[PDB]
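Participant: If you want the building blocks of each chain, they are given just below.
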Amino acid sequence: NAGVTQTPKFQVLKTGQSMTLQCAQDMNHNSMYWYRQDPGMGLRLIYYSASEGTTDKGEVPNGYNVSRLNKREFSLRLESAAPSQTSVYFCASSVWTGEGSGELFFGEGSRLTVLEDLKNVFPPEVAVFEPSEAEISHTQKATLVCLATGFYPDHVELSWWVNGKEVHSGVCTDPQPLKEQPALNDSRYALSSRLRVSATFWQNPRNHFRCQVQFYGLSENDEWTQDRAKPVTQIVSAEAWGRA
Amino acid sequence: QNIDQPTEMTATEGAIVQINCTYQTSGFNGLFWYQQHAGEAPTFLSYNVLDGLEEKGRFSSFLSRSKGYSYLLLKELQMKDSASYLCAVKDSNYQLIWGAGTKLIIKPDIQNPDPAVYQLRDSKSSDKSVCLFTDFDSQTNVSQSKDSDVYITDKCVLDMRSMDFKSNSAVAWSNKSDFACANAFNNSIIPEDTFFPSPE
Amino acid sequence: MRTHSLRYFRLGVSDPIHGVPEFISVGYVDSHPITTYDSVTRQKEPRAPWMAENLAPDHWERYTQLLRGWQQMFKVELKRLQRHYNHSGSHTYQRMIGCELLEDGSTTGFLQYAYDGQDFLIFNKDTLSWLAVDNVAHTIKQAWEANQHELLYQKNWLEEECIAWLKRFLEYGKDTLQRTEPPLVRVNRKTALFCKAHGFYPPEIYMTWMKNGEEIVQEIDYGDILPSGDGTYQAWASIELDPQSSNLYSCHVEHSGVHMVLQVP
Amino acid sequence: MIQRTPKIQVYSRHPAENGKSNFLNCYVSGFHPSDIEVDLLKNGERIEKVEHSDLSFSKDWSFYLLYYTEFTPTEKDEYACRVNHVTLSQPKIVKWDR
Ligand SMILES: COC(=O)CCNC(=O)c1cc(=O)[nH]c(=O)[nH]1
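So the sequence lines, in the order shown, correspond to chains V, G, C and B. In this text, residue positions in the first sequence follow the working numbering: the first is 1, and each later residue adds one. In this text, residue positions in the second sequence follow the working numbering: the first is 1, and each later residue adds one. In this text, residue positions in the third sequence follow the working numbering: the first is 1, and each later residue adds one. In this text, residue positions in the fourth sequence follow the working numbering: the first is 1, and each later residue adds one.
Note that these hints are calculated values from the structure, not bench results. A portion of the hints provided could be inaccurate.
What the hints assert, rightly or not - Derived PhoX-like pairs (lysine-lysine); straight-line CA-CA distance at most 20 angstroms:
#, chain 1, residue 1, chain 2, residue 2
1, G, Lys155, V, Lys179
2, C, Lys79, V, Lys71
3, C, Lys190, B, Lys95
4, G, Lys67, V, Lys179
5, V, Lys71, C, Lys75
6, B, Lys59, C, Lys125
7, B, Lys92, B, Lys42
8, G, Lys67, C, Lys75
9, G, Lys176, G, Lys128
As the list claims (entries may be wrong) - Pulled from the structure, derived: some chain C residues nowhere near chain G, Cβ distances all over 10 angstroms:
#, residue
10, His59
11, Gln72
12, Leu131
13, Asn156
14, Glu171
15, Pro182
16, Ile225
17, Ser245
Beta carbons: idealized from backbone N, C-alpha and C, even for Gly.
Can you build the whole structure from these sequences, using the hints too?
Facilitator: Next comes the structure, spelled out in structure tokens:
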């Protein structure tokens, strides 16, 4: 009962590169769809398959092709990636197409960024900053801050780890990244997150805090020619210990 | 054919909000509402094809075919309702026309505001100084930096579940020498009673 | 405007003869086929010239995809029916949906299914329920009535969408659909008197015999309204002559607001 | 299972007159299921160039068809329509009567 499963979650591409997005549904549905979502407008259908063995163009089919391999799978193909294809792609399915009131079931989405060259791709710098002593004495709470800075494109997942376990309570991460140079079209990004715990928890010297940023970047087959290190997919982290 | 809904709406926790959707389409075979949390998949909320109001928990959806308009009504708003709400209409050829979506922002009800600007501890691996504006009321707005070497993030709501406690905060940082938390949020209108602890 | 109707049929056959299509769907405005699709061509095509002339190829492409999906749905539904009937061999599944726009401005709408050419399920859009003829249909009714939204969608399509399509098609083909060709009526002897009309459009016509000013429906033999092949129709009605007494027999024909009387000398 | 036998009616498009061109119609209706074979006969021989409309659907779930051919009625020529259906043990021939 996985519903709709699409991969990959993130992908950076050079102009002219090929790419295939996978999508499978285990709901025994007949209709499957591929959408792209862009800021400022509604979902636009690329291709759809009303039933197994038939496909048809949507509203924006140019630059894409699909293959309804079977009842379960419906792949999206970008043969020659273009910068205009930078988008978040969503695969969906429904029981039938001609069913009037049938709703769509969506996959998690695939974020694609297509770049003329990869020389502006950077992993994030990650740093943790320990709580203010004035906050501790004024509120009996302690806020740690994690800063992920200088990264591009915006393909990151930030998480906090307390004593080897990932935590979500007491955590707030910026819902949108900050452009470090708002005027530039290719500006690198910054992202902040806070973890707030009680003063008692922070003052245990054996409590261990870690902020972790998974970055999705280049892979083996991506050509690299710059002087700096190749910005491959990687995890960058920083840590702090509690202070008595 | 076009679908129209407001770009953004802001309401306070516990209140009621009505998200409008008007459509002009070639025929009509039903109107859908979907909820989409940031970075996640849209999920189905409701379907209306005849006139009237249908309730589903805290959410109710209304439709008037003659006026070509529908609203999604959210009562007793909670922070988890913060999301984009998408309306979509099926036309005479069973094609879905999607609205651009309404981003719903929810202001938490801050029970005991304690606005303060704190200096976090430096990291030995970073040249940055970090400042935290926190515990202010939801009416306060955080303005972006007007200094090119100062970075200021928008306000964020965190929830300490074990203590049933919510608070707003925004972060500012820089590596320049004249940077100080006393002046980091000078471009924002901050509460008059904002606590600035003495520097060391 | 006279009364007009739009309706779409579907036919599914479970074990068809090697040449026969598994699935067929045809639409009609009143007596004129307007569209066709089957499992062999896999294409929805116009069957009236005024349909092809007013609907762009974009329309036929979209509905070709819909009919291909509706074809697979129909096969799945027929498979379920025949398994639950525990029937072997070839069996038929049929569907009819449509609407009427009456002369006085009122509207009707209907949707029903048949198995082996007999009523199976009948939709009531006022009570939003399905009438089941047996317990196989009763099982389908309970599953369909559990999906309340689909019932509402069908009510809206019958009352709003179908009527709008019909008005659109009536304008497209008004030269054909809204014309009037009056009948040519004659009487002859074959003993019985035969009142015969031909060359008329629309096909709706009322023919009856009156004896001394009174109508005896039991004594009259009514013929079918038949297509002549040129777009007009023909019909007849006969009554048996009394050999022992003379009476005043007169044929009465009613067509498109005009009444005719042929008194037999 | 209820199978319904075809109703077979043969007639001319216009009131027939000898030596005047016309069309011979064979209207087959009310049958179920849909498979059916129809032939127009001239003196007992099948006519080659015979046209027919597409299978048509009636409200009562039965089907109907119109087979037709162009001809000229003569005094000596006799015409008929031959129909075979699953409800028929042998082909049923209906002659054109006028
Ligand atoms: C359940 O919704 C419908 O039934 C929609 C209306 N039918 C059609 O639009 C239609 C077209 C056609 O060519 N054949 C057919 O059976 N139905």
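Participant: Confirm or reject each hint.
Facilitator: Verification of the hints:
Note on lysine 155 (chain G) and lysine 179 (chain V): the hinted pairing holds, with a Cα-Cα distance of about 16 angstroms set against a maximum of 20 angstroms. Distance hint between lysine 79 (chain C) and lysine 71 (chain V) is fulfilled; the C-alpha atoms sit about 18 angstroms from each other, no more than 20 angstroms. Between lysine 190 (chain C) and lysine 95 (chain B) the alpha-carbon distance is near 17 angstroms, which keeps this suggested pair within the 20 angstroms criterion. Under the criterion of a C-alpha separation no larger than 20 angstroms, the hint pairing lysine 67 (chain G) with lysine 179 (chain V) is inconsistent with the structure, at around 42 angstroms.
This hinted pair checks out: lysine 71 (chain V) and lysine 75 (chain C) have alpha carbons roughly 16 angstroms apart, not beyond 20 angstroms. A hinted pair counts as satisfied when its Cα atoms are at most 20 angstroms apart, and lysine 59 (chain B) with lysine 125 (chain C) qualifies at roughly 18 angstroms. Between the alpha carbons of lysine 92 (chain B) and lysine 42 (chain B) the distance comes to roughly 15 angstroms, so the proposed pair stays at or under 20 angstroms and holds. For the proposed pair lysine 67 (chain G) and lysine 75 (chain C), the alpha carbon gap of about 39 angstroms is over 20 angstroms, so the pair is violated.
For a cut-off of 20 angstroms, the pair hint linking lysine 176 (chain G) to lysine 128 (chain G) stands: about 8 angstroms separates their Cα positions. Not every beta carbon of chain G lies more than 10 angstroms from that of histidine 59 (chain C), the smallest distance being close to 8 angstroms; the non-interface claim is violated. Even its closest Cβ contact with chain G, about 15 angstroms, leaves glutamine 72 (chain C) beyond 10 angstroms, as expected for a residue assigned away from the interface. Every beta carbon of chain G lies more than 10 angstroms from that of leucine 131 (chain C), the smallest distance being close to 21 angstroms; the non-interface claim holds.
Look at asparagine 156 (chain C): its CB is around 5 angstroms from the nearest CB on chain G, not clear of 10 angstroms, so calling it non-interface is violated. Against the 10 angstroms criterion, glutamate 171 (chain C) stays outside the reach of chain G, whose nearest CB is about 16 angstroms from its own CB. A cut-off of 10 angstroms between C-beta atoms confirms that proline 182 (chain C) is not in contact with chain G; the least separation is 37 angstroms. Annotated as non-interface, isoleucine 225 (chain C) keeps its C-beta farther than 10 angstroms from every C-beta of chain G; the closest such distance is 33 angstroms.
With a least beta-carbon separation of about 63 angstroms from chain G, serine 245 (chain C) lies farther than 10 angstroms from that chain, consistent with its non-interface assignment.
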